[PDB]
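First, one chain by itself: the form solved without the ligand, in structure tokens.
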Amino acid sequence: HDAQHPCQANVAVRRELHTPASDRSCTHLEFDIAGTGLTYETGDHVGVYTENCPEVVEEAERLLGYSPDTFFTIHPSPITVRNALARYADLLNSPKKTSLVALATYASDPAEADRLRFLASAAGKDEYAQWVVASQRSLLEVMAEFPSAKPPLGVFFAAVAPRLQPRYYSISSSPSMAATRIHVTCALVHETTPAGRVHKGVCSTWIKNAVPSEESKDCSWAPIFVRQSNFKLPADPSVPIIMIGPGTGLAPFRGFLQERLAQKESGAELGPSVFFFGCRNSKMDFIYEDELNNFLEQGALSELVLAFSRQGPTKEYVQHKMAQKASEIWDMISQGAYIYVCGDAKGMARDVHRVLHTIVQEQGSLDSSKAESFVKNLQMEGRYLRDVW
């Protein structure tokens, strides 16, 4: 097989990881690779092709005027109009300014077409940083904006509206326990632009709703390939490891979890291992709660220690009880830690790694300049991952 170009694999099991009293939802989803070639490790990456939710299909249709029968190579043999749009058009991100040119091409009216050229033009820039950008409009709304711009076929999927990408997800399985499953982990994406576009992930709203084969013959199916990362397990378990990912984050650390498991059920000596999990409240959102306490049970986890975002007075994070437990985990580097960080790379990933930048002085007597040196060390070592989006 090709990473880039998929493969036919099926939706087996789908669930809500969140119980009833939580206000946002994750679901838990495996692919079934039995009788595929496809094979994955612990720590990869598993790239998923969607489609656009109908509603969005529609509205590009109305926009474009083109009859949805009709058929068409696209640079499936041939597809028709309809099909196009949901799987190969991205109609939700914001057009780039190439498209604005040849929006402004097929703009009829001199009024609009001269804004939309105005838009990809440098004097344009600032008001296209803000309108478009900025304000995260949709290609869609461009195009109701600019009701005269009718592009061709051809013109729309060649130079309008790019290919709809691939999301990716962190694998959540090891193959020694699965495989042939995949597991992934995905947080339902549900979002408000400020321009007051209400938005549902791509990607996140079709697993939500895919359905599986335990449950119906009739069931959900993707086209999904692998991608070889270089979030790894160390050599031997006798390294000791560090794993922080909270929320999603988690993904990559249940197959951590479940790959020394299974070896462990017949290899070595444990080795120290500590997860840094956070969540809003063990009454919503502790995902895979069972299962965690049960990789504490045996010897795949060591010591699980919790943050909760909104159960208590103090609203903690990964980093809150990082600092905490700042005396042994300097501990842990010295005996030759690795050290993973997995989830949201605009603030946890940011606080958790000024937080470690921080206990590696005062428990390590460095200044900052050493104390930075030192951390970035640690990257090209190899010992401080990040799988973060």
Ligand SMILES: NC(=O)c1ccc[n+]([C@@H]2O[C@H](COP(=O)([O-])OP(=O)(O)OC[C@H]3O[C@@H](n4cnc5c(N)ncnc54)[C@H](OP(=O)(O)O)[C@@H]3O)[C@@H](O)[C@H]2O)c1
Contents of the next structure:
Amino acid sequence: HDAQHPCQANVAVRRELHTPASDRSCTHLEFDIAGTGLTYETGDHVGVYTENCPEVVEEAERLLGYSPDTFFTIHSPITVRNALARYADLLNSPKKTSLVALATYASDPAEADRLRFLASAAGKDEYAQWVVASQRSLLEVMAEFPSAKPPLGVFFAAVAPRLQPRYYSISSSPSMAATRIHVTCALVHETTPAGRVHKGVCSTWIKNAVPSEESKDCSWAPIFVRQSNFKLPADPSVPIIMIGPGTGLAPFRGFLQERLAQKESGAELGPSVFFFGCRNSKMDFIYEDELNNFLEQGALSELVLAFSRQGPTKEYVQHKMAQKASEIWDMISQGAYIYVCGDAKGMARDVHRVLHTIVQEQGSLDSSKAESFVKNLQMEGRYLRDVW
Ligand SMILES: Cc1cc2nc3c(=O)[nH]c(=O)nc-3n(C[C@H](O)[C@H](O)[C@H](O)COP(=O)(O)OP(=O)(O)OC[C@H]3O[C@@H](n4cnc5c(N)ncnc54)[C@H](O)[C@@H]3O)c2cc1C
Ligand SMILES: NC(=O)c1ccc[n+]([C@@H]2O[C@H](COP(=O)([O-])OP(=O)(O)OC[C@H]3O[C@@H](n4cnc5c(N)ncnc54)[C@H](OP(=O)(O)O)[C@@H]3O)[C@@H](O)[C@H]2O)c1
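Taking the form solved without the ligand as the starting point, write out the structure of the form solved in complex with the ligand.
All chains and molecules follow, beginning with the one already shown.
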């Protein structure tokens, strides 16, 4: 019932979205909010509190040397083991103030000197490479310096920051489902430059959550809702363009549920065009069936697709945007809103760059005018991005 403070909501359904032939995974999850004061609007975000994997917690317990059977008041009582699971960010990289604190408690002079060094101005380049670039966890830094043994209070006050909640762009509309909060969540699983195997904290928890639809002893999590400006226009007559691939599809599923929801009790839809992208029609084409239904009805006018690993061609959403550069510019002159959701470092940037180019050819403006023009779709509120 608060952004800072969560509501114990349960997991009703949890399903894999990829096919058994997919090499990756994407979970569809539904939070049951019946009887909770939680309310949400299309395009809003849901924050989720999660916990650490037990192996990671155990490595911390090894390193810290506490009795897990100690109870204590995190600034009502809790055990060391549960505090590490739910309140300690163990896997991100220690800030410099956290290294300072470890050094204070490092009984090896050389280890204590190295910790203090990495936190000093003199050590900034080294910190950037050995800690940040390599994505070394608090648990690794601590193993590198085993004489650093901070007391329980310091550890939670200065060494480990709290385990932040993870945000997901809600993928359902309240009209279609006012009792369920829908999330679409890619399983994260990387290897750091230093070679640590990292399981995404919240995306692994979601992947393995037990839903009430398969057992009574079901999973639950403290959730909460964050209002966003990623909202549909006032009236359906306004034409809209939705661009996100992969999990960038999430908000638009709510968008299409909302169009349809209004559509049953309302006016004709404006043209809807959705650019989707994924690896293979037979692997990660999440929500395929639902999308064709949205087409059979009037929810979405059209669904361009981009498959980047299936077939000879590496097709991306922006590549499918340039081919359709004529129709979308017409959409702009008709007053269309444009939505971009998904990966922020590559796709959004690439899509942003493509957008600037399309106006030049289909608008006859120079680079500066195009830039100012696009900047002005943003200010007007017609160009929206939900990226991460
Ligand atoms: C507004 C918003 C909406 C979102 N919507 C969605 C959505 O709809 N679907 C979805 O799947 N996700 C979404 N995300 C992203 C999501 O919130 C999480 O970031 C993502 O799921 C990973 O969560 P995780 O806890 O599992 O991974 P984490 O455990 O947080 O890991 C995150 C990344 O950090 C890397 N990492 C590991 N160790 C280190 C280190 N020491 N230093 C630096 N980096 C390290 C990992 O390799 C990994 O790539 C959204 C994010 C935002 C902000
Ligand atoms: N390499 C990266 O830096 C990168 C990019 C995106 C996501 N991720 C990670 O992978 C996980 C799943 O994310 P997701 O499901 O949204 O991503 P995804 O499934 O990897 O991406 C879906 C589609 O987006 C395509 N794509 C990749 N780069 C693109 C670009 N620059 N422009 C346009 N399209 C592009 C992918 O192509 P290909 O995959 O065939 O290249 C794929 O076809 C996330 O946890 C995320 O952190 C990593």
